[PDB]
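Worksheet for the structure shown next.
Yeah, one chain of the complex is gone here, protein chain that is, but the others are all in their spots.
Which chain is which? They are A, B, C and D, in the order written, and residues in each are numbered from 1.
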Amino acid sequence: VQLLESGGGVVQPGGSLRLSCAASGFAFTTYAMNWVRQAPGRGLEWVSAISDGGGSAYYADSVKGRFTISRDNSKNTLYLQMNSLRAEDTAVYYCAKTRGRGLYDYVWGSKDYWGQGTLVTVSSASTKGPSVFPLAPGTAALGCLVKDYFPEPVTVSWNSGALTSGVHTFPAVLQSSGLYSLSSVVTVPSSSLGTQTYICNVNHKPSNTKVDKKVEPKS
Amino acid sequence: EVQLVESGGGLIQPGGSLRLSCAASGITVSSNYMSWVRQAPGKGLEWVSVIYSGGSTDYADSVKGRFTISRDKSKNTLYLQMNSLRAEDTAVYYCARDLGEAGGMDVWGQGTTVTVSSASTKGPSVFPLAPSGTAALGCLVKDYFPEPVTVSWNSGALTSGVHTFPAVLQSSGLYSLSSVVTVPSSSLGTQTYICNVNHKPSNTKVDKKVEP
Amino acid sequence: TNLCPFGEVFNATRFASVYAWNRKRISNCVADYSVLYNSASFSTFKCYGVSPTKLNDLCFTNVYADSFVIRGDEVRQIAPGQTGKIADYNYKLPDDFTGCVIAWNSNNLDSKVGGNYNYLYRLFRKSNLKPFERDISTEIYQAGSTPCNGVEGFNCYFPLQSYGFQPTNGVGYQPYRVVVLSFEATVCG
Amino acid sequence: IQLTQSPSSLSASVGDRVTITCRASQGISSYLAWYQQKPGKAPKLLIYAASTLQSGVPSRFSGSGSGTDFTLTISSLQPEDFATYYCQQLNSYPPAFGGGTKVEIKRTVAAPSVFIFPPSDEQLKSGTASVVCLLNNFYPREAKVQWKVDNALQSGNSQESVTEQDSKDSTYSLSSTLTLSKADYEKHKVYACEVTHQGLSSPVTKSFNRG
Partner (left out) sequence: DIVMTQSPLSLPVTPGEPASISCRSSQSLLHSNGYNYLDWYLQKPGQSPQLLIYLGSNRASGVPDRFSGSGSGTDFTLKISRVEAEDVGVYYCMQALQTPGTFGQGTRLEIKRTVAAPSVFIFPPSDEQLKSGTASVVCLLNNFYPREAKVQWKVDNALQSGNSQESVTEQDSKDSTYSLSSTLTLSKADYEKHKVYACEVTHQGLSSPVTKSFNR
């Protein structure tokens, strides 16, 4: 089962974006699904819920009128268009599938499987893909400093996914300017620096900025 | 709460006929797909038959024309008639509620063994295996037909150490097993050991004391 | 004046699921039943009244063409006198049938990678369907003795399961579009 | 369709991650259910729809797979997990089931304690006499047991039956049985059981004389 979510990025305050979520591995046409969102470090807030063949939709008073949720069961994909976007609407948006298909198994009820999440940021924009500089290396660690990038999320991986053990990508911090910057490190045997090449694959996509940088020692 | 409990199996001469029952509780037999699955000694699981809610019935080719499946809705039991039985039909027969692909057979019966032989029922002889710090003693259940013999000790008052071997078939054609329990070397002269053998096939119940 | 529009039912983009079959009534027309029979682009074509030739040598009151998609392995149930999960619970043609069943593999369109779950089939019903019935309910099936109060869960099964068509399945479990024309004047041949 | 699971037998220590597979010959999407059958008891549905765990089953069991390659994993083996496991095809009416796979549990070596038991006087009155040798709580399952009457190795009369693995200490038991008539039982005085086993420095013999 998979609820994969598309869309997401920066839109101007007072603007309009539409998130799609595409599901596979379940009936869908029989299950009612909802959209839940949560603001960075704030807890979860409910947004909307639609029944199994449209025809029934409920939304939070805080969103009545601006967003409209709908779906196309022919294409097995749920959407949610929101307009009049403001300061308080920037949060990660998750589609969830409700558990039951019976009645008394209310359409905005218990959510059974949730989506990975797609983040929407609402501000007078800046969209700069980052600078990627080498953190220069028994056991020892090396890492990437992805500096001054905007909006969120940046995703780091080492050796195109082969490295994931000991890896620590930290949460981005917002600096005196409004740009972001975070650093990902990884610990490895001090002796293997000569035989294996460490590559960090920084992929800040919302500015199409895939950047692999080899990380090598300094003497 | 929810439990299928079968009965009706035993020894039946070939060409013969037999009917098993599988009374459910908690599950309505007439409202699900209930199937009969059977397992031959040392082999895998073979589906025998199924009866949909709707009333349709399906059977494996090895059983078509000899066996019929049905259900008494007013007793919630599901039965399966066995007719013109072969030596190939000897097996444990389980009945379970097939839930299709919304889960599998999730509720199963306890199983009721069916044995299709030309032989007759002989009851066991239960001579004692006795002791010589830990010491062990046990009962020996010799020459019975068919299975099964059940052995308990002190009516369930002794279950620690007790081991009951799976029976072995002898050249005679009958079976034999031995149950053994290990006890401490000081219980001999104060505790009383009595092995209760029950062979339901011949309605024979024997209890035997075991002295040094 | 013009052809019966089979191009509307056989060469149509989407097919209905079996539990909720589609039916098109056909009238004030007449079409050749010998481009279909001599099509050769169909794996099945079996009639139960008379043969596909004389049929277009006759005129009928009204002709209906029901259409849905099942597993190829169940097409043997779209015929009079059969029993199965499709002829009992989803679709049932009468024992006095007069008409033709036609069917072909659809694995290029109805199957998807990762499974196509738009095709449902009823899997639980407390009694089979009467001939040409269409049941579209979705009420929780109660399979125990205790009522379900409208909550899917144990012995409380939502009645429709999904064919999980994937292109790498076996041909006895791959998508077969089916069309059944029944005959009871306005069209002829 | 036929399913073919493998490895037919498998054996691994407690705490190990164990994986069994089922190969279907045609391609069955996600219609497979995995059951577990403890000896003497009926099976238990462990998982349906390839990956969905059945209510009540512990979480250290999980399925993955689709198409023709299905996998059943026990992420951390516990002692009571020894059984037979069988895949089944949901969706084809004659429900094809796989042949079965026996998981046995490994352990530190354990020597067995041997004890012999002469025939019961109550028995001899009937003409047949049954000497029995018992090996208790040993692991691995393999052991030799040779009878010696007087001091002759016997061959052709003994028979042994081993039990299943104990559910807690994963150890076996075994009894060998010599079968001779009362006539021959009384021709001889010494009866011995020579048991050799991996956990034994050198063989242990346990005999007894008539009377």
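Please note the rule applied: a residue touches a chain if its C-beta (ideal position, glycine included) is under 8 Å from a C-beta of that chain, and two chains touch if they have at least 3 such contacts.
Chemist: Which residue from A:125, A:135 or A:199 sits in contact with the chain not drawn here?
Modeler: A:135
Chemist: Using the document's definition of touch, tell me which of A:51, A:81, A:126 or A:183 contacts the absent chain.
Modeler: Of the listed residues, the one touching the omitted chain is A:183.
Chemist: Quick one: which of A:33, A:172 or A:200 touches the chain that's been left out?
Modeler: Once the missing chain is taken into account, the touching residue is A:172.
Chemist: Among A:8, A:25, A:115 or A:151, which one is in touch with the chain left out?
Modeler: Missing-chain contact among the listed residues: A:115.
Chemist: What is the set of subunit D residues that contact the non-displayed chain in the whole complex?
Modeler: Residue positions of subunit D that touch the missing chain: 52-53, 55, 58-59.
Chemist: Just the residue numbers, please: which parts of subunit A touch the chain that's not shown?
Modeler: Within subunit A, the residues that touch the unshown chain are 34, 36, 43-46, 49, 58, 60-61, 94, 99, 104, 106, 108-117, 131, 133-136, 140-141, 143, 145, 147, 168-173, 175, 181-183, 185, 187, 218.
Chemist: For subunit C, which residues touch the unseen chain?
Modeler: Interface residues of subunit C facing the absent chain: 149-151, 153.
Please note the rule applied: only the chains that are shown with their structure count from here on.
Chemist: List, in ascending order, every residue of subunit B touching at least 2 other chains.
Modeler: Those would be 99-102.
Chemist: Could you tell me which residues belong to subunit C and also touch two or more other chains?
Modeler: Correct list: 115.
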